[PDB]
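The primary structure of each chain is shown beneath.
Protein chains: 2
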Amino acid sequence: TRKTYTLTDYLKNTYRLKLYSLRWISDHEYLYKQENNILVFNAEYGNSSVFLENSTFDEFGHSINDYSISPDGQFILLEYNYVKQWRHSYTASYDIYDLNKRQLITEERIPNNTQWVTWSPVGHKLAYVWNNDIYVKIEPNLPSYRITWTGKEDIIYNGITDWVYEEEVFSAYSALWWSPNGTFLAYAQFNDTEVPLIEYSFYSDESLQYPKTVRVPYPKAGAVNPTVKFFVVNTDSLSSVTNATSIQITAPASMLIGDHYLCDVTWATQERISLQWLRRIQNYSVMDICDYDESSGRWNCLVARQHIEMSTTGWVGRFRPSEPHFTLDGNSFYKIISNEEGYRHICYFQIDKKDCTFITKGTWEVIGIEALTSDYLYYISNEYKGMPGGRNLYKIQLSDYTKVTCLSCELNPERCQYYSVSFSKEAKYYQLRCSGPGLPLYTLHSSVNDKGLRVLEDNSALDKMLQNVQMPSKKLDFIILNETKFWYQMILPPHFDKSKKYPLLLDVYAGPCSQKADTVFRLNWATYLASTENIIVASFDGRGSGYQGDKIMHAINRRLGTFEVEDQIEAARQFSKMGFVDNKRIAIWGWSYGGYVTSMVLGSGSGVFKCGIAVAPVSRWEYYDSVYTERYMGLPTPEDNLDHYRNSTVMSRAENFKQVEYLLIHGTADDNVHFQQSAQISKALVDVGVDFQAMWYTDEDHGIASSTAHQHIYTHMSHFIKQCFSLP
Amino acid sequence: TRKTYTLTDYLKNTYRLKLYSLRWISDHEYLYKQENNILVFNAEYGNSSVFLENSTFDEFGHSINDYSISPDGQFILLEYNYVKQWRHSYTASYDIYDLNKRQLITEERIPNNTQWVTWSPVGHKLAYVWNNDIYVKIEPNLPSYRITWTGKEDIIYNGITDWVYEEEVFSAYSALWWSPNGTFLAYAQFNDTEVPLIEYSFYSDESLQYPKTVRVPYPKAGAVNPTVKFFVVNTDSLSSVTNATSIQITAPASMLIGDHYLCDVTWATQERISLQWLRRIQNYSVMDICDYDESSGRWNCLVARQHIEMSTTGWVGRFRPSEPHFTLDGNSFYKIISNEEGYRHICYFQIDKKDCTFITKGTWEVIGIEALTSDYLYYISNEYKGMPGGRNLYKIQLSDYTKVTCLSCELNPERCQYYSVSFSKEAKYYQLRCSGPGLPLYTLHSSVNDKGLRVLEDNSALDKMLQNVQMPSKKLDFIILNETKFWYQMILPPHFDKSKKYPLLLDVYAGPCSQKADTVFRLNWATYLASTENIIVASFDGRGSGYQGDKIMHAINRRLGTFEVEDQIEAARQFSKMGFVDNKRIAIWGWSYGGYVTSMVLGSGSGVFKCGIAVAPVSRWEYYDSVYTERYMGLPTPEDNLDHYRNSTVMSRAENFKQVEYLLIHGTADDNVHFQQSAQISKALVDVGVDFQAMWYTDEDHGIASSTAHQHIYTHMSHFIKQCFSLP
Ligand SMILES: *[C@@H]1O[C@H](CO)[C@@H](O[C@@H]2O[C@H](CO)[C@@H](O)[C@H](O)[C@H]2NC(C)=O)[C@H](O)[C@H]1NC(C)=O
Ligand SMILES: *[C@@H]1O[C@H](CO)[C@@H](O[C@@H]2O[C@H](CO)[C@@H](O)[C@H](O)[C@H]2NC(C)=O)[C@H](O)[C@H]1NC(C)=O
Ligand SMILES: *[C@@H]1O[C@H](CO)[C@@H](O[C@@H]2O[C@H](CO)[C@@H](O)[C@H](O)[C@H]2NC(C)=O)[C@H](O)[C@H]1NC(C)=O
Ligand SMILES: *[C@@H]1O[C@H](CO)[C@@H](O[C@@H]2O[C@H](CO)[C@@H](O)[C@H](O)[C@H]2NC(C)=O)[C@H](O)[C@H]1NC(C)=O
Ligand SMILES: *[C@@H]1O[C@H](CO)[C@@H](O[C@@H]2O[C@H](CO)[C@@H](O)[C@H](O)[C@H]2NC(C)=O)[C@H](O)[C@H]1NC(C)=O
Ligand SMILES: *[C@@H]1O[C@H](CO)[C@@H](O[C@@H]2O[C@H](CO)[C@@H](O)[C@H](O)[C@H]2NC(C)=O)[C@H](O)[C@H]1NC(C)=O
Ligand SMILES: *[C@@H]1O[C@H](CO)[C@@H](O[C@H]2O[C@H](CO)[C@@H](O)[C@H](O)[C@H]2NC(C)=O)[C@H](O)[C@H]1NC(C)=O
Ligand SMILES: *[C@@H]1O[C@H](CO)[C@@H](O[C@H]2O[C@H](CO)[C@@H](O)[C@H](O)[C@H]2NC(C)=O)[C@H](O)[C@H]1NC(C)=O
Ligand SMILES: *[C@H]1O[C@H](CO)[C@@H](O[C@@H]2O[C@H](CO)[C@@H](O)[C@H](O)[C@H]2NC(C)=O)[C@H](O)[C@H]1NC(C)=O
Ligand SMILES: N[C@@H](CC(=O)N1CCCNC(=O)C1CC(F)(F)F)Cc1cc(F)c(F)cc1F
Ligand SMILES: N[C@@H](CC(=O)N1CCCNC(=O)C1CC(F)(F)F)Cc1cc(F)c(F)cc1F
Ligand SMILES: *[C@@H]1O[C@H](CO)[C@@H](O)[C@H](O)[C@H]1NC(C)=O
Ligand SMILES: *[C@@H]1O[C@H](CO)[C@@H](O)[C@H](O)[C@H]1NC(C)=O
Ligand SMILES: *[C@@H]1O[C@H](CO)[C@@H](O)[C@H](O)[C@H]1NC(C)=O
Ligand SMILES: *[C@@H]1O[C@H](CO)[C@@H](O)[C@H](O)[C@H]1NC(C)=O
Ligand SMILES: *[C@@H]1O[C@H](CO)[C@@H](O)[C@H](O)[C@H]1NC(C)=O
Ligand SMILES: *[C@@H]1O[C@H](CO)[C@@H](O)[C@H](O)[C@H]1NC(C)=O
Ligand code: NA
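Protein chains in written order, with UniProt numbering: chain F, 39 to 766; chain E, 39 to 766.
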């Protein structure tokens, strides 16, 4: 009898999934790390060489957290002293190593505690943010040029984002953009002067006698948001003037009438930049295309080149307006937008014409535009087999839209239905990354003829190990509700037997544009629960889920805490009606948005669930951040949508928690979903006399990802689940 | 067959203990509130008259929290708008009603948010504190005089204590002391300028969008402490034209050499005041005796009248140097101090004489001095039957110390072994309050011949109700350890059968000078645990406990977390060896200091305990307040006692928790034992991979006493204990 996939296996990573992370440094060479050694590979022949021996920094006196080679290969940026902050932000120290002279630079070093640094796209110019101010170095060993003087901790951010812009808008800490050949440096400036502060205690190491109070500007729903400004400085003039001028590009009149956001920055050419602005009521965005005026050194955006993008049924974009992809001459661009049927497709735009032309269509959607050459546009979509949970790479002929080739569909249809792609500098080569439903597979391909060059990593090692293990199986299918298909997936125990009644755990996220039913292969907690505990773990994408058209995604518009909650309850009913589910043992759990939904479900009084676990849940929308909350709920005022804000809290369903077993967990240093949210749930439960289980994690954030806490929380949830299901 | 004392009975107070709280207003009469009516009683005969009708304030508007009748019976201070702060502090609104003219006063009324107010001991003058400043009103309807102007929130405290002085020194918010006839008003002034602040979150009602941050000047061990000054002001010579003049009495030189505290203020006569000062290293105190000089108007404290009290084995006094009891003329006084054998007895002092004379002696202790006349001194001790957990009222003839008469011992030996007393003004009458082992019994007596006048309240109603309940019994006995006897108590289930094995729960506090083994009758959680769950609840008084001499109490000096912890493990070990205890089911629980001991026991690796519960425990002494911690631990510096501060923590024992079941509870708004303490405990367990149970209580402080929380915590603990014991 083969062993099963146990909890320890999951927590200890005994069965390691291999990947192949490469970095294109040109149109046909990439870097790969093998044995702490940085090797350079020739894509065409697969032959390589040592780019940087591991023994190169033995006597550095510091552990190098990451590296970055300048575009011209002349220098390398060494990052150490990594200090994590939020999801993407962190501070670190940096040193530059001169590859040709093989000497480490020791003059005019990058300051310690630098918030962000990036090479220019070409050459070896450097731009970094320190103490909230931007600096540029034309040469690694020369003095820096200061670009801004207004930077102020927690107040003015130049070149970097504030908490909400980092988390909800740019998904990055940096807020600066080098133009294509590096002449100009554009950046955003955020002013959080009047933004309220979230405050919580951080206890730190046992040696700290007095707890520290963390204070970060964070706008909750309906609160004062940060204002923003955009500028562009010409770095080429830095060595000719004492103080180079940052030219401001003001937002359009349609945005200045009220609160708004800068939501996208994309350079089109060396002298044309595009910007998208979004109104605080996120259903109206504007794109300005601005050209450099050489005579006045100013930037002008002709209204004839201004493009409007709005929505009548919801917000704009899946999570925000999509990014434009310009043709070489910068006179036209491709952008994904939802069509008249509500499906997201690629529209072709002339920069000075408002009507665009869709180049793809159908009851499926384009996930993203991956590359654009003078002849072809490549993109990933879920068109194949009508599976919204699948992903494939396509190629469309620019001179004939009826010519579309699927570059990955048939490569290995039984093992690979979820693809990701990585193109070389000029798209001459591309690495395909298959992540499911079989073992991940990485392959390298040639664009000139779309031929497979070779297999980079097939995970044979793991496949070998997984042979002596009773692995669970995965079922991806759908059920029909109101003439509409709704997908679900099930992690089934080994030797599944449909004649038996298995306990069921509904794994839920269910946030707007989410997708929990897909063809991806994962080794996670559900693997253990299904393999060792013979527990069926299920997920369901109901109303509000993504990649299936706006009719489904925008169904929860201004109504969070309703349909996506009910549909989840309905999904459980349908499952127990499949005959292999023990209706007496049905649980539900989720994290983040999932915790909210789990809590809302447990408080519905449906009688369908026996117990449930919520990890770091939202409890009332007024406690979450403005950008994300208002996108779906509008403003919490009586003139807008306050009644629903008050009607969709977890606390108001406290009395119904008497019918179930609840486990509430939250990290105390959670800067995203504040502990406050679970503190209010627990108080509501205590207030109506409801018993439940709770667990706080000291100094842990939204991810509760520290190694020990990660193991502690899943171990704790396992006991609770096993107990609720009466499992030995 | 009949009902048992259930958890609901404990939580809903089904069985209420009746009391008889009277207030002496002279040497012959007292006030007693009955049916919301205030009656005046004649002690000699028991006849009464209505002093103030309950309906007198029907249309008052506000709900009266409490009342206070001026010493001359002319006025009544009405308290409303009560808002609790710490253990003793609070603010409220006050109104003064004229009893003579049966009219409420509307002119020059006491401000709102008043921090403290008190009548003068004689007549009807008033002294109140508002915005940290002292005010005085000679007549209820006249404008008040500002005494201090330095009052500054969280910085300068005039007439009221800061956090630590309130909690650890005076056990009161008040820092005002009227001279006997009200001529003088002495007060202390606290300066917390450099005292670090403890900060934590307060969430409030769910309507509060942003959590509030509470900040309180709180000196942890080793931190900067507040400084203090003492003043005396003549209130008979106040002017509305000139600012009042305060005369400062500085501390003795032996104190000014370093950090110190003002630990006691006691007026001797109309013109003589005594103050005791304590060095930061709490084993050396000094009493100054100051006389008013009618010539200069200054207060002079003759060095010849200075009295030093020190300890070579520990700190001075039980929790602080005891209070002196002066004779009528104020030339001599009585005070409890430990004798050469280490037992606390009454010493008689001459104000200008260095050697005092002990008037009581023996291997037992005087608890407190209760009354003094020219012929007798009345006191309470635990001498009777050599039971350190019993209390009785005695009187000793001042002209012949060999004549000691016990006044309560034989009143009702089977029902009453624990007395408390309340004398009238000149000690002409006294009320005896028996609180165990039987039901509380209140009686009135006459001092002239120690006659028992009458029974005020015998709780015969409760007695009748308890007859239909299967109530548990209490066993008080001792065990021997190294020639020394240590007492313990066991709450035994109904129909106790020593031939059966009962699970056992150790109820522990064990702080320095604590006593958890006594003859007091209580209806609490343990009553329910024994009566309904058939669990034995034991408590043990080991090394470090009080009322048994310094050899036992000072055993833990400079070494907390050692002997008192080891002694509990020994008691349990010994109880486990008794025939009626199931050694496979032994548990331990505690709150505050008891939470610390419980945690230290569970992390000892003794193997005696299966599970335990810790509520708001101290986890490392550097986190607790200075005045209390340093009293027993000295300073946490390497030249003093830092090493023991570092190895007396719970965190260091984390690894040993693997073999027990632990439930850790704590209120998030705990201003006493900061949540930080449990937060560091949880983080430590997480770090070594130990699973445990937790529960935080949103916005609850150290007593987790709000109605809903109190029911919730005990419900949750009851479930945990029953599950640990396999009890249905
Ligand atoms: C990968 O292999 C190719 C071809 O084998 C290498 O090309 C070299 O091209 C230069 C041209 O100046 C010749 O002098 C070398 O002799 C060629 N090498 C060989 C082996 O023929 C290329 O350098 C290799 N790249 C890497 C990264 O190893
Ligand atoms: C950031 O925004 C704040 C306003 O929220 C600006 O501060 C104001 O500046 C004006 C002009 O200097 C003053 O008259 C006001 O007193 C300021 N108001 C406040 C609330 O501080 C600030 O100048 C902006 N900073 C930048 C760099 O744009
Ligand atoms: C470089 O130029 C900028 C922009 O003119 C200067 O910033 C101004 O600084 C003055 C005071 O030093 C302020 O009154 C202005 O409000 C600032 N404007 C901006 C946009 O920040 C900056 O000080 C200059 N640096 C040097 C060294 O001259
Ligand atoms: C990058 O693009 C910029 C902008 O077009 C180039 O700068 C211009 O260079 C031309 C020379 O053909 C001059 O006429 C202009 O004065 C420059 N404009 C500005 C704003 O500086 C720049 O030469 C390009 N860089 C490289 C390396 O080719
Ligand atoms: C309270 O005691 C004070 C102090 O002994 C009394 O005030 C003194 O009274 C005498 C007699 O009239 C005066 O000659 C002194 O000048 C007063 N001394 C001071 C410091 O004021 C006061 O009379 C007593 N109060 C009552 C109500 O008896
Ligand atoms: C009061 O306690 C202190 C501290 O225990 C005693 O002072 C000295 O403290 C240091 C550091 O712990 C020791 O090395 C000394 O042995 C202690 N004694 C002396 C004389 O230095 C102090 O003695 C105690 N005071 C009394 C009256 O017992
Ligand atoms: C208790 O009873 C006595 C009666 O013996 C009351 O009488 C005393 O006081 C009265 C006024 O307060 C007078 O009218 C009596 O003359 C006086 N008698 C004696 C012997 O002192 C006394 O007041 C009563 N006390 C109360 C509180 O009701
Ligand atoms: C309260 O105590 C403070 C601190 O001991 C006194 O001020 C002193 O400390 C300040 C801050 O550390 C210094 O800035 C001052 O120079 C120092 N002395 C003075 C006179 O301020 C402060 O005066 C005290 N206040 C009262 C009313 O006693
Ligand atoms: C303390 O506050 C109370 C309530 O605010 C004051 O009482 C009055 O309350 C009414 C409304 O209830 C207000 O309009 C008045 O301004 C308040 N003052 C008066 C004189 O009516 C109360 O007066 C305050 N205490 C003091 C000493 O002023
Ligand atoms: N804050 C939101 C960010 C977000 O949704 N993305 C970044 C912006 C674009 N979109 C994405 O795909 C994600 C990824 C993911 F979070 F997974 F949705 C996530 C988020 C939602 C929520 F309801 C919580 F209570 C907590 C939380 F962290
Ligand atoms: N802070 C201490 C106050 C104290 O002990 N008293 C006030 C001063 C004089 N003494 C007493 O008798 C008490 C009564 C009691 F607290 F019950 F001991 C109590 C205390 C001790 C401890 F270890 C904690 F973690 C929390 C706590 F609240
Ligand atoms: C490079 O260093 C790593 C780690 O020290 C080691 O595994 C590897 O053997 C080294 N490179 C080679 C070619 O051995
Ligand atoms: C960065 O910090 C280190 C450690 O303090 C210091 O030695 C070094 O000089 C610093 N480098 C710079 C550029 O400030
Ligand atoms: C944008 O959303 C608001 C809120 O529902 C709505 O009133 C307004 O008409 C919308 N604009 C468009 C173009 O739909
Ligand atoms: C005073 O009011 C209480 C209730 O508040 C009531 O029980 C009592 O009867 C009243 N007093 C009298 C003398 O009736
Ligand atoms: C009393 O002292 C205060 C505090 O300095 C001052 O402001 C006030 O004017 C003084 N009043 C008189 C009458 O001197
Ligand atoms: C006496 O008993 C105590 C505990 O009460 C123990 O610690 C000690 O070692 C024993 N012996 C002596 C000499 O104190
Ligand atoms: Na009698």
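Since the hints were made in silico from the structure, they are not lab data.
Treat the hints with care, since some could be wrong.
Since the list can't tell identical chains apart, any single copy or any two copies may satisfy a pair.
As the list claims (entries may be wrong) - Straight-line alpha carbon distances no greater than 25 Å define the calculated BS3-like cross-link-like pairs of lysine-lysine that follow:
1. 696 x 50
2. 648 x 760
3. 463 x 267
4. 696 x 760
5. 267 x 538
6. 463 x 760
7. 71 x 433
Here is what the structure says about each hint:
Proximity of residue 696 and residue 50 under a CA criterion of 25 Å is satisfied inter-copy only: 19 Å between copies versus 37 Å inside one chain copy. When the C-alpha separation of residue 648 and residue 760 is checked against a cutoff of 25 Å, the pair qualifies both within a copy, at 12 Å, and between copies, at 21 Å. Taking the closest pair of Cα atoms, residue 463 and residue 267 never come within 25 Å of each other, the shortest separation being 31 Å inside a single copy and 77 Å across copies. Within a single copy, residue 696 and residue 760 get their C-alpha atoms as close as 20 Å, and across copies as close as 20 Å, so both meet the 25 Å cut-off.
Taking CA atoms no more than 25 Å apart as the test, residue 267 paired with residue 538 passes in neither setting, with 62 Å inside one copy and 80 Å between copies. Proximity of residue 463 to residue 760 under the C-alpha cut-off of 25 Å is found in neither arrangement, the shortest distances being 51 Å within a copy and 67 Å between copies. Taking identical chains as interchangeable, the C-alpha atoms of residue 71 and residue 433 are never at most 25 Å apart, the minima being 30 Å within one chain and 90 Å between chains.
Checked against the numbered hints given earlier, the structure breaks hints 3, 5, 6 and 7 and satisfies all the rest.
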